[PDB]
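Mind docking chains B, C and D with the ligands on chain A? Use the hints.
Letter by letter, the chains look like this.
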Amino acid sequence: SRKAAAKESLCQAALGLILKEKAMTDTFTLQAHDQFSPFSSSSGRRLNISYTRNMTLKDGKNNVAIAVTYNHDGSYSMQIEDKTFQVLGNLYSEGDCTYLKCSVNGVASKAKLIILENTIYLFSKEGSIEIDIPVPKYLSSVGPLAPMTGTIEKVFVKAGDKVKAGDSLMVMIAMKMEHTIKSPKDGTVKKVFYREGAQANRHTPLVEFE
Amino acid sequence: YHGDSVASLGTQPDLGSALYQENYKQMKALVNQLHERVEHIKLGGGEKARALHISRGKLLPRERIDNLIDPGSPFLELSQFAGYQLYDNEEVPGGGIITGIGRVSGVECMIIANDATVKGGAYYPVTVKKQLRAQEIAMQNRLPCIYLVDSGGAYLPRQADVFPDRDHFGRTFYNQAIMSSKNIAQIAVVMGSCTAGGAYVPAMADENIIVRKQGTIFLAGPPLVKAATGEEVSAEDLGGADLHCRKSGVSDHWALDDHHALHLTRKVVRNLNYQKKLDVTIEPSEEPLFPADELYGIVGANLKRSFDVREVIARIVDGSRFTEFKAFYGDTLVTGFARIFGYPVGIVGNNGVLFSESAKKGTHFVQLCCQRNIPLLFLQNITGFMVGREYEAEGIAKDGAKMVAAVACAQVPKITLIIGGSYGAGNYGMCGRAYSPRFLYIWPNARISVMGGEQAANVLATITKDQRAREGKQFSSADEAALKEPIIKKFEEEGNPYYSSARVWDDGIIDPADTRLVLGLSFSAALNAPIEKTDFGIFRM
Amino acid sequence: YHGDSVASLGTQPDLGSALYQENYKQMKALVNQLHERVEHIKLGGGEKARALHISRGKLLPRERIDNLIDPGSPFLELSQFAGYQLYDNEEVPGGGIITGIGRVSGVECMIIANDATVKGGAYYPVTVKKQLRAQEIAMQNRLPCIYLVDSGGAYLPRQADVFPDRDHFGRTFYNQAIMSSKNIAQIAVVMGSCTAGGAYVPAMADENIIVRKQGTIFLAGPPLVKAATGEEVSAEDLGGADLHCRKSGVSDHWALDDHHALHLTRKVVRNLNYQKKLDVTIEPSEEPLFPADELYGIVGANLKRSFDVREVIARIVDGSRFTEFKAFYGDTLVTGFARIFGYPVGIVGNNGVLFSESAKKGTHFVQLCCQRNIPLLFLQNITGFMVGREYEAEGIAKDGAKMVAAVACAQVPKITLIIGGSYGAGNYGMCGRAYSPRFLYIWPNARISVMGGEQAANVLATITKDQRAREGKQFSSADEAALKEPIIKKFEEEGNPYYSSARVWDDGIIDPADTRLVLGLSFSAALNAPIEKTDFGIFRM
Amino acid sequence: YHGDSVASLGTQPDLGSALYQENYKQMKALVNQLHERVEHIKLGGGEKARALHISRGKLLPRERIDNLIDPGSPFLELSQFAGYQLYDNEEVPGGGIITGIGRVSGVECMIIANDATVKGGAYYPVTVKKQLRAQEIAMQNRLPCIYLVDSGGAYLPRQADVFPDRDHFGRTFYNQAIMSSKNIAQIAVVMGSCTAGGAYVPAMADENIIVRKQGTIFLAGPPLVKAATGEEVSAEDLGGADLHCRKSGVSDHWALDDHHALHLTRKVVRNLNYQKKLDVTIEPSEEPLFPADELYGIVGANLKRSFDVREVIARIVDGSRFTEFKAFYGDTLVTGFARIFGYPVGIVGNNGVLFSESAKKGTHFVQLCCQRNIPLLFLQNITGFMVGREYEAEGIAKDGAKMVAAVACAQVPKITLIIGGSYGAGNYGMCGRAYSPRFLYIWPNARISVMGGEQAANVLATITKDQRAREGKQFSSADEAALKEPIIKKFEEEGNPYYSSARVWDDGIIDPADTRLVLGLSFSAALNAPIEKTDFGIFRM
Ligand SMILES: CC(=O)SCCNC(=O)CCNC(=O)[C@H](O)C(C)(C)COP(=O)(O)OP(=O)(O)OC[C@H]1O[C@@H](n2cnc3c(N)ncnc32)[C@H](O)[C@@H]1OP(=O)(O)O
Ligand SMILES: CC(=O)SCCNC(=O)CCNC(=O)[C@H](O)C(C)(C)COP(=O)(O)OP(=O)(O)OC[C@H]1O[C@@H](n2cnc3c(N)ncnc32)[C@H](O)[C@@H]1OP(=O)(O)O
Ligand SMILES: CC(=O)SCCNC(=O)CCNC(=O)[C@H](O)C(C)(C)COP(=O)(O)OP(=O)(O)OC[C@H]1O[C@@H](n2cnc3c(N)ncnc32)[C@H](O)[C@@H]1OP(=O)(O)O
Ligand SMILES: *C(=O)CCCC[C@@H]1SC[C@@H]2NC(=O)N[C@@H]21
Ligand SMILES: *C(=O)CCCC[C@@H]1SC[C@@H]2NC(=O)N[C@@H]21
Ligand SMILES: *C(=O)CCCC[C@@H]1SC[C@@H]2NC(=O)N[C@@H]21
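Chains as they are written, first to last, in full-length UniProt numbering: chain A, 499 to 640, 648 to 715; chain B, 23 to 563; chain C, 23 to 563; chain D, 23 to 563.
None of these hints come from the bench; they were simulated from the model.
Heads up, some of the hints might be wrong.
Unchecked claim - Quick list of the computed label-pair ranges, beta carbon to beta carbon: (1) C:251 x D:55: 29 to 37 angstroms; (2) B:518 x C:301: 52 to 60 angstroms; (3) C:301 x D:492: 55 to 63 angstroms; (4) C:64 x B:430: 49 to 57 angstroms; (5) A:709 x D:536: 58 to 66 angstroms; (6) D:234 x C:351: 34 to 42 angstroms; (7) B:35 x D:351: 44 to 52 angstroms; (8) C:325 x D:235: 39 to 47 angstroms; (9) C:251 x D:554: 39 to 47 angstroms; (10) B:430 x A:709: 33 to 41 angstroms; (11) B:430 x D:351: 21 to 29 angstroms; (12) D:183 x C:503: 20 to 28 angstroms; (13) B:199 x D:351: 47 to 55 angstroms.
Beta carbons: idealized from backbone N, C-alpha and C, even for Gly.
Pulled out of the complex, with its shape left as it was, chain A reads as follows:
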């Protein structure tokens, strides 16, 4: 079965993500007119205070919160649950592969860093660990009223009918087109408020359910 990641492995995943974001910043700068300028160094240097970034990584099924403090000397202090790790490192290339060079509490290591959509892959000589980046809700999310003052074409339902969602309820022709009223609702039509052929008015009720 899959085993839980060690806190040191979560530090490596967090560091790889931070350095990948830096890489994106660096390749933006290489295309800029304002070259050599500050703001391009992803140092997190606040004035008179320190910056702590709170990120969450998903280890299998469970979420872990990692508080990453940006230190003045370029190191990171990553507190995972309670334990603080001194995390340093950088990226380097060998041919077409990107490697993440780490030092966590004086312990040096090297792993291949591959980030594909949401999943952080760390390939080392002791195993392979997959850490997922959570996806926020706003990137994963994707009775009736008469629209215009028009004449009624056809009434589909009666007093006492049971319909479904996405079902043709009434049809009206307005000026040049054809707009069918369809039901988002659930329940029973007790009321057909407009007789066939009448002129409905915008923002108006056609069918009522109890």
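Chains B, C and D with the ligands alone, transformed into the frame defined by chain A:
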């Protein structure tokens, strides 16, 4: 930074639903018919005139254009259907002229070629109209003009419709004199026989090329000096290449044959000292996430049946990414920011009738785009302007005039695409032909009239019943049938896409796949001119 | 060419001398105290209000700023000490608002966040002052403003000091209307409850984001319509996100929660069509040759003991290279050309009192820098203007007015740093707060008054002895002690760095190491506006 | 042509109605009290200091102004009530300075005279504020400044409130350096003793006049060099007229006494090569058809009782002719076109609360006036902004922001007159002090706060009941009386006209008769600058 993820538009349609299959079959039929009609237009005046044209050693005009532009480069041809069934028994293919935006020596140019296989290069009224439209494209977008003159002069029995008015033949030379006063280069290659109105085209151009023993320039030809002064002259020594290149000085470069003229033209364009400078921001281009025959399945051919315009924007923009603006207020207008080939586009699309809130949403959006210098793309699918009483009480015609006033005053490149109907003053709110868009293409299912046939017949019948009610008698079923026949027939005839592009009311009927490419081509040509600051009028609040 | 070698400034100090060790201990104490005070300011209104703020599902405002700017990007926060011990028993941390220059979507922006944990986002007078200072930074440097509105309206018992004047609350909307008329983008994210003066902040902005079931905009809230019209309404249906996003049309984008609002804000900034273009020359940046805790050892905390300003310039400029200008004429002013992060800087630093020759040297230098479009950095350490008789005979006040007139008329970016005292009209000769520098930081050892105290007490005593000498009696030791107590106490209290940045008389107390970084950040922000030609007045020769 | 007859405004009131008689008695009492207070302010520092001032041979400062301006010419004095009951036990009449627009040598100038009888010409904080307001009037309207310097330098006990900030004493010299860089002439007449901050006023001026044996300029006086350097010098040979006029070269003209200095000043103004050129159209001036003590009868002093603003416009405009604009739509705002002394004026007047239609009517009118270059006159009588629920549903705060954005962006001369109350964001919609009007006068019955009193007490009480309801107990009658005392008292104290003009929140309390004359004077001064094209922001439709 530009690394953080976003969402995209569009959903995959039901490929098995009968709505999709019927829509696909109808729009495929329209597109196949469009293809076979333009392949017949591609021949020109028939194989007899083509044989007599190549028997004199000339190229055909599309061969001239293929040898002039860069190798492998695309060619955006404008108004391929001009003159289509327009004159009663005369066939004028392509208008008798070939206009297009091409790429010569790494510069995007406007190319105007006299197709001499049709009527000997005579100038019909639609020929003058199509040429003047090409010239105003080149003056708006600051593109050099290359005229490949092989003319025949102005037709005689249509001479009124060609000669005196403001936008008649003489405007052509006006447009050469003004463009060359703005440093927009004119180049004329004389490959034919310029007779007395065509003779002003190379003489008003900065640089000429004339072909040895083939091109002739004279203000009065041999039958014209016969009828005017009474004189017999031979044509090649009245106005041939040797006299003009060596004695009179009308021509600047001298070519052996047509290949030499086109090679010299590419040299002349390279010595123009032109460098294209962009002022918008550019990003890496990216293809969408959906195909474009899905647009055949989604749009169909039924204009009474509505669809969603977000499905179209999902299939023409970069990565199908779209930042929607005011998505819940006035939701019969879809406004937002996208990218086409790396260019920033503000898109305005119709999704229903125009209420008051939709027009206010559009006015806010057009002011935003003009403040930031972002080009506009209008996607017209209109049916009306919300007729009613509680609507006129609010100020609906107080609110559509703000939309009209903002679209008129806007100084960014605007491009219209008519993907459906386009009726009434709604057509003016969404940048119709009168509002100077840079380009205006249509899809083969579009319709454009003042209303919709039924409405015109009903209004005429009810107003003549009111009118006759000073005395008052009815002819009920007779009046009904006899007004519902010839009005629905007329409006459906004149609302056709081929009727409207037989005139020069638009820049082309395009295939719904090709849409994305065509927009990109048009938008890059429209970026040759620097975008100027917009001043608006008085917004009536 | 740029290959030929040059010399550099600076010498390594005696790390063992008692002067260095005492200076290091004093400036280390000042910097540690500055750090602990700003760490207490970082919490805001205490842990009770933070718990009730996150119990409603909101972020804390510094979390909002961290999630809005680019990841890892620095943040230049302005006026962290506004409101510090300013009101008598009320604690207003940070002013009640958080302003700073950050980097959003690769664009450097000004961010103004209502810190709603302190007094429910009420607007104290220092809150209005600090916000207006941020807005004039953004109008001078042409930076887009992002307002993160979580307001509470204008405080009541201080209402005079907030409402009517020119630089009172209403100026805020003036600055939004003028900046947006110059194409400087305004973006408002409504995360709170805008009550009747805050309600004009999103309605004056080009693009809005409002959060579902959390952000509310109304010109008159529920107790306000109670006291004004007598009406009970619920707040989330009086002015909630659904009404404004769907019916009234005040809002343009609709967010689920705060993370969605910040993600949408980064999208909106990316669709601004902005590209930063530089007009100065840039060279490869290089770090200096000396550390920056040596500045603790060199400056110290004793303002009666002078030092050399060339030691500071040696530790803030590129490679410690410095081209000195007129090094032997008027040597109490050090002028020259250096580079900070590759940007060309003309530096003017004080080394003593201002004579006449020093002011003429400075006027020549400022004309040189404005002719070449080089930004200016003033390093104030002033004690006076050379009082004397043989000095007024020459025209000392004829020569300091030339310095004042040249610094006032200069149209390049000017940045001041007060590293020591700053007294009298000398403060005006070296670009004080009245002379519109872009930024003005201070070090924790600075002092600023109209004099130094002793002088004010002596002038008042001698002036009142002269004044009373119309009759004339003395109270010698009594008058001496009783005027030397409350005048030295007052001047030393009001000359403090925390007194001056408790108001918005400067943009921050900075640590002498951080100096180099802060200058670089400020200078790059100051290069977003194109440098205009300088016109001078009349130099009185 | 201009011969065809038109109609006029106004009706004659009932002189016998008890409403008219009570209103007349109340406004007559207010105007008599205003007259006696300004006659006490006219003396300055009392007869002791005036006797010691004329014992040294000087004129009094109002005598200096009477001898400087053209004979018989009117004088528009600004802020006669600055410093009125502002400091606790110190009386500062007139602010300690006298600013006004006068007419010198046929040129309309700004005159700034140090009234040396009060505190020896010391600079209180309201003195710096009033002088800076005069200087920004002269920079906006392009008027030459004449400073009659008789100073005493900063004040000291309140040195913080005078020295360091942006709009503190040093701004004065900034405004001299910038105005003289725009060819706006500065003239300084040194009649006094300029001590170290006043000494920069003649040295920053293009032309000086200093008086023999009376005027002294030094950057450090005798007690100042005593306390600073330790030196005894005599003042008239440290900085007298002979040293500056003959050796140092600070002064340009040399006067025998004050009459010679004023005669020389009139010469200097005549050699300025200035010619006033008008760009508006002028018609023959004509007096109204109604008197102006009828305004006492119509307005009264009761702010809870409304009146019609058309009665005021009937009594201040040329011939009482008024072309009303949109008279039936949004009839709580009265907009129209009139003439004052032959100048075209667009008038915007309040007649009730601001609805949505009134704000749209005002935005349309302000765009019309900026398109035609017509100056604006706002007549504020505001109570609110229509609090309600069906009003926020429409977009009331979407519509008042358009009014605010149009008034802010407008580049024509705007003048405000507050004839009644002025509360809330309504104050910003009708060109309050923050929106840079050229001038802003008030009538003696006006009130200005962030909202009436009662409302603030009710909002504070209901929000503290809500606030305490986390635990919840009441102190009903106790809380009621103890919050309704000190809030109504505070708001009625700080809403007074004398409270607001004791600061420099306006340019004067004027008598309702004098209104017409004062407007004419202000409008002609405001026409010395050429009207620039207006750019608006983004109107949120
Ligand atoms: C006066 C003006 O404003 S323009 C009138 C110019 N005057 C002329 O008549 C010049 C016409 N003559 C020519 O130069 C030749 O006709 C060319 C070069 C234009 C045509 O090339 P050719 O190889 O000679 O073909 P040709 O002219 O013999 O015949 C081509 C057809 O074009 C027609 N045509 C050519 N010019 C004109 C014209 N100006 N008006 C009407 N018809 C014309 C001819 O009648 C002929 O018609 P068809 O289709 O019924 O046979
Ligand atoms: C009328 C004007 O334009 S001026 C004031 C604006 N108008 C008002 O509505 C004043 C009333 N307050 C409000 O605006 C709102 O109801 C809010 C923002 C105070 C509601 O905030 P909540 O999240 O409910 O917190 P709460 O209302 O308890 O306010 C917190 C504290 O700040 C104070 N406060 C908040 N807003 C204001 C304000 N505008 N003026 C004075 N005090 C205020 C409250 O007295 C309260 O007191 P405490 O700190 O001593 O406990
Ligand atoms: C403070 C600075 O930055 S520069 C000023 C420093 N030095 C001075 O100005 C002190 C001496 N200068 C004077 O004020 C001179 O008195 C003059 C010449 C300008 C005025 O004329 P004098 O005949 O001296 O008037 P005199 O000194 O009698 O004025 C009396 C009052 O002016 C007040 N005063 C004058 N200047 C100042 C000042 N700069 N600060 C505070 N109070 C002042 C005194 O408090 C005194 O108060 P009183 O009413 O109790 O007597
Ligand atoms: C077909 O287009 C339906 C009827 C047209 C609507 C009419 S035509 C003229 C009026 N203007 C407008 O925008 N709508 C009305
Ligand atoms: C402390 O700053 C020492 C005394 C101040 C010098 C005085 S104050 C006013 C005069 N102006 C100036 O530049 N120096 C003088
Ligand atoms: C006195 O002026 C009556 C109450 C004030 C109205 C309130 S104050 C803040 C809101 N803004 C506005 O224009 N009206 C509301």
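### Task
With respect to the beta-carbon atoms only, verify the hint that residue 234 (chain D) and residue 351 (chain C) lie 34 to 42 angstroms apart.
36 angstroms, holds
### Query
Honestly, do residue 430 (chain B) and residue 351 (chain D) meet the 21 to 29 angstroms range at C-beta?
25 angstroms, holds
### Message
The hint says 58 to 66 angstroms between residue 709 (chain A) and residue 536 (chain D); measuring C-beta to C-beta, is that right?
### Response
60 angstroms, holds
### Message
Can you tell me whether the CB distance of residue 64 (chain C) to residue 430 (chain B) sits inside 49 to 57 angstroms?
### Response
53 angstroms, holds
### Message
If I claimed the Cβ atoms of residue 251 (chain C) and residue 554 (chain D) lie 39 to 47 angstroms apart, would that claim hold in this structure?
### Response
42 angstroms, holds
### Hint check for residue 351 (chain D) and residue 35 (chain B) - Cβ pair distance inside 44 to 52 angstroms
49 angstroms, holds
### Query
Quick one: are residue 430 (chain B) and residue 709 (chain A) within 33 to 41 angstroms, going by C-beta?
This hint holds: roughly 35 angstroms between Cβ atoms.
### Message
Is 55 to 63 angstroms respected by the C-beta to C-beta distance linking residue 301 (chain C) and residue 492 (chain D)?
### Response
Once the Cβ atoms are compared, 58 angstroms apart, the range 55 to 63 angstroms for residue 492 (chain D) and residue 301 (chain C) holds.
### Message
Taking 20 to 28 angstroms as the stated bounds, is the beta-carbon spacing between residue 183 (chain D) and residue 503 (chain C) within them?
### Response
Since residue 183 (chain D) and residue 503 (chain C) have Cβ atoms about 26 angstroms apart, the given range 20 to 28 angstroms holds.
### Task
Could you say whether the range 52 to 60 angstroms given as a hint is met by the Cβ separation of residue 518 (chain B) and residue 301 (chain C)?
Since the Cβ atoms of residue 518 (chain B) and residue 301 (chain C) sit about 56 angstroms apart, the hinted range of 52 to 60 angstroms holds.
### Task
Could you tell me whether the CB distance from residue 199 (chain B) to residue 351 (chain D) stays inside 47 to 55 angstroms?
The hint (47 to 55 angstroms, Cβ to Cβ) holds, given that residue 199 (chain B) and residue 351 (chain D) are roughly 50 angstroms apart.
### Query
Regarding residue 251 (chain C) and residue 55 (chain D), is the given constraint of 29 to 37 angstroms on their beta-carbon distance met?
With a Cβ separation near 35 angstroms, residue 251 (chain C) and residue 55 (chain D) satisfy 29 to 37 angstroms, so the hint holds.
The structure is consistent with each of the numbered hints, conforming to all of them.
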